[PDB]
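Between the sequences and the hints, there should be enough to build the whole structure, so can you do that?
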Amino acid sequence: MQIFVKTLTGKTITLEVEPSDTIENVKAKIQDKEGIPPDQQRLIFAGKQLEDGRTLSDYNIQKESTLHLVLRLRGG
Amino acid sequence: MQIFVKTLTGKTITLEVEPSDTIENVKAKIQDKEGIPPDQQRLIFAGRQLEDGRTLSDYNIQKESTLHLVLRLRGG
Amino acid sequence: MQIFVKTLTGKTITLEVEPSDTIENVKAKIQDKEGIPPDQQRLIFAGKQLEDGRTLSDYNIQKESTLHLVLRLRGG
Amino acid sequence: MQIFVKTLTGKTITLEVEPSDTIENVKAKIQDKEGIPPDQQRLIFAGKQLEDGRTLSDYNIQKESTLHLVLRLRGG
Numbered sequence: 001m002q003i004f005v006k007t008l009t010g011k012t013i014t015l016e017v018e019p020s021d022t023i024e025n026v027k028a029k030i031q032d033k034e035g036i037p038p039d040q041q042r043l044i045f046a047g048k049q050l051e052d053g054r055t056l057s058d059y060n061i062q063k064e065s066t067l068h069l070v071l072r073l074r075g076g
Numbered sequence: 001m002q003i004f005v006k007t008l009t010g011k012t013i014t015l016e017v018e019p020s021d022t023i024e025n026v027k028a029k030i031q032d033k034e035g036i037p038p039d040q041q042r043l044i045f046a047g048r049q050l051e052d053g054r055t056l057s058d059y060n061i062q063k064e065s066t067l068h069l070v071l072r073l074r075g076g
Numbered sequence: 001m002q003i004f005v006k007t008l009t010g011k012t013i014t015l016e017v018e019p020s021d022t023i024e025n026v027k028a029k030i031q032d033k034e035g036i037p038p039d040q041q042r043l044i045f046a047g048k049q050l051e052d053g054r055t056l057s058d059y060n061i062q063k064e065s066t067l068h069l070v071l072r073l074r075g076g
Numbered sequence: 001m002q003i004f005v006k007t008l009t010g011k012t013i014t015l016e017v018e019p020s021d022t023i024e025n026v027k028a029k030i031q032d033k034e035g036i037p038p039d040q041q042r043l044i045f046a047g048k049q050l051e052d053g054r055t056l057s058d059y060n061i062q063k064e065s066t067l068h069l070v071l072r073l074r075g076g
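Protein chains in written order, with PDB author numbering: chain C, 1 to 76; chain D, 1 to 76; chain A, 1 to 76; chain B, 1 to 76.
The set of hints was computed from the structure by calculation and includes no laboratory data.
Be a bit skeptical, because a hint or two may be false.
Unchecked claim - Just so you have them, the derived chain D footprint on chain C, three or more residues with Cβ under 8 Å:
id, segment
1, 17-24
2, 27-38
3, 66-74
Said to hold, decoys possible - List of simulated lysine-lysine pairs, DSS-like, C-alpha gap at most 25 Å:
id, chain 1, residue 1, chain 2, residue 2
4, A, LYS48, A, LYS6
5, D, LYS29, C, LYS6
6, A, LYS6, C, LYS33
7, D, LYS29, C, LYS11
8, B, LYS29, B, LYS6
9, C, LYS11, A, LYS33
10, C, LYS48, C, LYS11
11, B, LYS11, A, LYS48
12, D, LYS6, C, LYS48
13, B, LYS63, B, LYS11
14, A, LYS48, B, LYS6
15, A, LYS33, A, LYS63
16, C, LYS33, C, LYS6
17, D, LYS33, D, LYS6
18, A, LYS48, C, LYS6
19, A, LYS6, C, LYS6
20, C, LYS48, D, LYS29
21, B, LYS29, A, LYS11
22, C, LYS6, C, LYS48
Just so it is clear, CB atoms sit at the ideal spot from N, CA and C, and this is done for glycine as well.
If you want it as structure tokens, here you go:
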């Protein structure tokens with residue numbers, strides 16, 4: 001399925017994903033497409049930050065859902 | 001001065017702040033108004049997550065700037 | 001003319017530019033294409049950081065030159 | 001441990017470093033080896049600029065990592 005990943009700064013990324021993909025898996029897909037290190041990525045759905053170990057289906061993320069992406073620096 | 005904090009669920013709150021207020025200080029003001037503990041808050045400006053020890057002026061946050069707020073929960 | 005702008009993370013951006021375009025102008029084109037705020041962008045040519053008010057022709061940047069882009073996030 | 005420091009001109013040095021060494025400490029080592037003043041050095045890992053006060057271990061910089069080095073000076 002397709003999902004959309006939107007920055008707060010105007011950029012939309014389209015990803016090919018499965019319901020069973022972890023957030024870790026999704027961040028790796030973003031790195032593949034955009035070059036953004038997974039340690040620097042924070043993914044957002046339903047106004048909350050998503051955790052690495054959970055699946056898309058765990059958050060009820062479906063076909064044509066929009067996630068948001070923000071950057072974290074620190075030690076990432 | 002006033003700043004705006006907008007959730008990713010589309011709710012806007014107004015805060016009374018100083019340029020030299022830390023991100024920690026701002027999070028405390030959000031807790032005062034909204035009841036959200038600072039550990040569960042992530043503040044965002046210009047598509048980047050803000051660090052606790054840095055000031056509003058460190059990020060060039062000025063009168064009537066908009067920050068974004070996302071929740072960072074464990075287990076949801 | 002076309003120039004290439006490469007991140008250190010393996011992303012390439014193609015831009016339509018003029019010799020007389022400033023570094024500032026290039027940054028605004030990057031913001032248009034990528035959503036990256038100009039304040040966060042550092043542009044690199046011949047292994048050095050470029051200055052805002054200089055032109056492409058001032059650095060002898062021509063058709064199909066490669067610039068590098070790194071982020072400097074204000075604050076954290 | 002061994003690290004690489006690579007300029008965007010492909011000028012590559014190796015350094016002997018400890019996980020506990022600060023970015024500032026690394027810059028001093030680069031000055032010692034390569035004659036580059038610390039003020040003119042911007043060190044990059046995973047496409048992000050590193051902060052002077054933070055350690056190699058803080059960024060999870062390990063055995064055989066490459067840091068990128070960009071020169072910053074006004075007037076060229």
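Problem set entry | Violations among the numbered hints | 1, 2, 5, 7, 18, 21
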